[PDB]
Amino acid sequence: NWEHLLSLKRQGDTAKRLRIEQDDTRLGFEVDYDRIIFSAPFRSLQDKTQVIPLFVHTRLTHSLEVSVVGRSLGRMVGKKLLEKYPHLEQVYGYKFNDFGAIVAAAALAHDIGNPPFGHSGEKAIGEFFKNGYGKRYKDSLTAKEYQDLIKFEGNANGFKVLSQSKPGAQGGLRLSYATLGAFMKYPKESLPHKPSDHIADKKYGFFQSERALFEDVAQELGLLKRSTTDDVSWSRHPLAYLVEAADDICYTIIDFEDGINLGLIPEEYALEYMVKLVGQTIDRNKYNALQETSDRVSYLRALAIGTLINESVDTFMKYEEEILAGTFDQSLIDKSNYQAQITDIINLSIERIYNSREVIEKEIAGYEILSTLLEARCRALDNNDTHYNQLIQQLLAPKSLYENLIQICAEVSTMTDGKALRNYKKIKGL
Amino acid sequence: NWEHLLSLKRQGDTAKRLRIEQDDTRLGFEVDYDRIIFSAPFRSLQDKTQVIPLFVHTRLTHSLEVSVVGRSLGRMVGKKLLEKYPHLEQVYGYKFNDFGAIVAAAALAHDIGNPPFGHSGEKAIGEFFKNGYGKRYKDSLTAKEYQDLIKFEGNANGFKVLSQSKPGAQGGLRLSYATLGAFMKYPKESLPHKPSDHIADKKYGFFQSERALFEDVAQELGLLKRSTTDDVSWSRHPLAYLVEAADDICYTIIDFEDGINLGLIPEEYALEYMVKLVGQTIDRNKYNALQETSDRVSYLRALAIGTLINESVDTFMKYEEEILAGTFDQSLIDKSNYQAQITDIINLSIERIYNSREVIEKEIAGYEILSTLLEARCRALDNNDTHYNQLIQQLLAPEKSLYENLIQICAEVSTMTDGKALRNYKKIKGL
Ligand SMILES: [Mn+2]
Ligand SMILES: [Mn+2]
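Quick mapping for you: the protein sequence lines, in order, are chains E and Z. If you read the first sequence in my numbering, its first letter stands for residue 437, the second for the next number, and so on. If you read the second sequence in my numbering, its first letter stands for residue 363, the second for the next number, and so on.
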């Protein structure tokens, strides 16, 4: 039910928060966005690389653009949802901007827990615990505690970042449960691993340390169960599909834009790859009058993103009842009439950007930087009495074993590119 | 006996050196100072870090300031000792500046054996032999030889630097035995480890390689034997307490000063922590007229050092007979009426300087630099036959026991300036 899915609950609440009694200048969903903007984890995205080493998008500007696309998706979907379910507005007091605000906030935070150097950063952390120094802990951990480490997931670390309790600050950012639900695109634990080909099963969305919190979130929202074993799993909050589409749209089109501006993709390819996405709306005489590459490609990007937003809204509304019943199996973009063109764009970016020598060099270096930092933290954990290990604790980190290891991963993951490289260089004498 | 404690003997001497027969213009104790100044090991302190990386004090300017403070301590104590025991001057010919000379020279040399990167430097060397590559030598060494390595001690390496013979240079710098006695603030071997809580038992002062040398020094000075087993130790030469006091006074107050001028310690802490130490001697009109932070804090530093020197002289004379009998169980500064203020100063320096990111980072890097140089030297020692290991020997060290080879490797890595250690390190790693 949408009334439950739009929960304003915050962690620890003892009483219900009715939408009709909200102060509209202090709307819980919009406070959520402001809390993320000013948070230390969001600010650190300023100094973190998205794909191409550091104009190129950093994590912060990527997340900003995704939240803008997400707000537009949520606004347009919210308006059609309120005309489909008019009791949501007439009885309960919901407004179209509420949906825009939920998606905008979840989208703003979607990459907040990701480690440096991208997917290699996650693999480097995983490999450290699978076959590196961290392997020795296996027998002291449950299967799921260990799986959290060997398949260390940035989405799950983001949920920890958003909700972590510390002295003086229980509940992290204390976001609305509707926002936490829109954030959670993999509502399952680390095991079982990929139980189906469904997008929501491709990874997992919370660590064992956050399991009890997401249990509270899922019951408050009324999310549908996807497992009746002790391995817990739920169907995605409907608005998580819009967070994912905003993200899909932005890195597809905007990585392409960056690749052209950086000279990694020949400009000769720009129209060829964008023509079907922009063909009906492009003012071609205007395009031909633009004198700078960056102006031409930003014009194409805006048209293609506009095309994909409108189509994504229609796809959501067309499958709304399957999404509400937890039986929708794909992403919104999987259903696009432009799936062939999106795939061509992504494949060109893989060939020209992700496999460029510079991106490869960064990923290889990132493996050495993260492995070194994890080994130093973990040896210091195992022997905190030696002089060297006390120095290491003082430089990098001034509980149960699992809690200690998952915290080490979270702290390594949240270091800025320059801070991780500086610490690595000092540990190695440079 | 003070007549034997003030020995002018140098290594290898075949005849006695009477104080009454010394040429005043070439006094043995004063020549010791000149020999240290011009030595290669002392010069190398130019380019060696004390706490903060490279105005900031280096090991050289620190050692210089300690020797000046030590010269005053020894002059003042020397005057009072000669009034207490007038026969030392009237019969034996000793003068109060002799005591200043002995303390000043020993204090000038007190950090001459210290490795680069501070006390993390020593710990990095010990860690190499405890848990690093050097652990493989444990079963080929005696317990005290291995302990020399895993608790590698800058003070013991200093004694090696000052005294060790080489072809054409028997006896090292050949300092007077009274000076070597005042240098030795831990007169014991590496084992047993901390047999008591007395400051003199905290560390050790000579390697096994130098045990026979200090036995000669201790016998000539008449130091009281403190241990009777095959584990040897002696009660400290009385003047070693003054060397230790001058060192304690300097790094306590001067590190604090440095930390304020670097911005690590807000200036307001200066007056607050040092008001007791300066209040009876400070000219407030002068203080209030000084316009620069660095001028205000250096004035407070001068006043606080002057206060602690005077007090330390008094403490020494109060416990002089217990020190002469080897029953004094503390440092002179441990007895200070300002121990509350000294402790506060040290704790803030630890928090704001020693634990600063800059120092932590430098110490962490030094561990890797020293471990790498040590491993290259030991691998080349273990397999001198390979082309690579011959290149390493040409680069870093262009017939003795395994223990003597390992102690020399440690001494030579310790001799390197910060810069030369980094360059050799970079070459080995190819940077
Ligand atoms: Mn993203
Ligand atoms: Mn010193």
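Be careful, since some hints might not be right.
[To be verified] Computed list of chain E residues with no C-beta within reach of chain Z, every gap over 12 Å: (1) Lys520; (2) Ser730; (3) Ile828; (4) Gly865.
[To be verified] Derived BS3-like pairs (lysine-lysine); straight-line CA-CA distance at most 25 Å: (5) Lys791/Z to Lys855/E; (6) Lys762/Z to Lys864/E; (7) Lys861/E to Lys782/Z; (8) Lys446/Z to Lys492/Z; (9) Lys571/E to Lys587/E; (10) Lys492/Z to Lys506/Z; (11) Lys528/Z to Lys762/Z; (12) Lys531/E to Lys580/E; (13) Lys762/Z to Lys861/E; (14) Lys531/E to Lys864/E; (15) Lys556/Z to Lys864/E; (16) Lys791/Z to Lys864/E; (17) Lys864/E to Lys528/Z; (18) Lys516/E to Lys580/E; (19) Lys861/E to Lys789/Z; (20) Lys864/E to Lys497/Z; (21) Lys506/Z to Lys864/E; (22) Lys506/Z to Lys791/Z; (23) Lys513/Z to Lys855/E; (24) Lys378/Z to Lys864/E; (25) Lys861/E to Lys506/Z.
I should point out that these hints are in silico values taken from the structure, not numbers from a laboratory. Quick reminder that beta carbons are idealized off the backbone N, C-alpha and C, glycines included.
To see whether the hints hold, each was checked on the structure:
no. : hint                 : in the structure
1   : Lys520               : 57 Å, holds
2   : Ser730               : 38 Å, holds
3   : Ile828               : 7 Å, violated
4   : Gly865               : 4 Å, violated
5   : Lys791/Z to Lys855/E : 23 Å, holds
6   : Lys762/Z to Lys864/E : 33 Å, violated
7   : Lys861/E to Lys782/Z : 19 Å, holds
8   : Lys446/Z to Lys492/Z : 49 Å, violated
9   : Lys571/E to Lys587/E : 13 Å, holds
10  : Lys492/Z to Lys506/Z : 13 Å, holds
11  : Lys528/Z to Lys762/Z : 13 Å, holds
12  : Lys531/E to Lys580/E : 40 Å, violated
13  : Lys762/Z to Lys861/E : 38 Å, violated
14  : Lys531/E to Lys864/E : 56 Å, violated
15  : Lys556/Z to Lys864/E : 33 Å, violated
16  : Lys791/Z to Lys864/E : 10 Å, holds
17  : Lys864/E to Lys528/Z : 36 Å, violated
18  : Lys516/E to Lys580/E : 41 Å, violated
19  : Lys861/E to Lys789/Z : 16 Å, holds
20  : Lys864/E to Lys497/Z : 21 Å, holds
21  : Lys506/Z to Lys864/E : 32 Å, violated
22  : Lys506/Z to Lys791/Z : 33 Å, violated
23  : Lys513/Z to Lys855/E : 33 Å, violated
24  : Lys378/Z to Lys864/E : 54 Å, violated
25  : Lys861/E to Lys506/Z : 36 Å, violated
Against the hints set out earlier in the document, violations occur for numbers 3, 4, 6, 8, 12, 13, 14, 15, 17, 18, 21, 22, 23, 24, 25.
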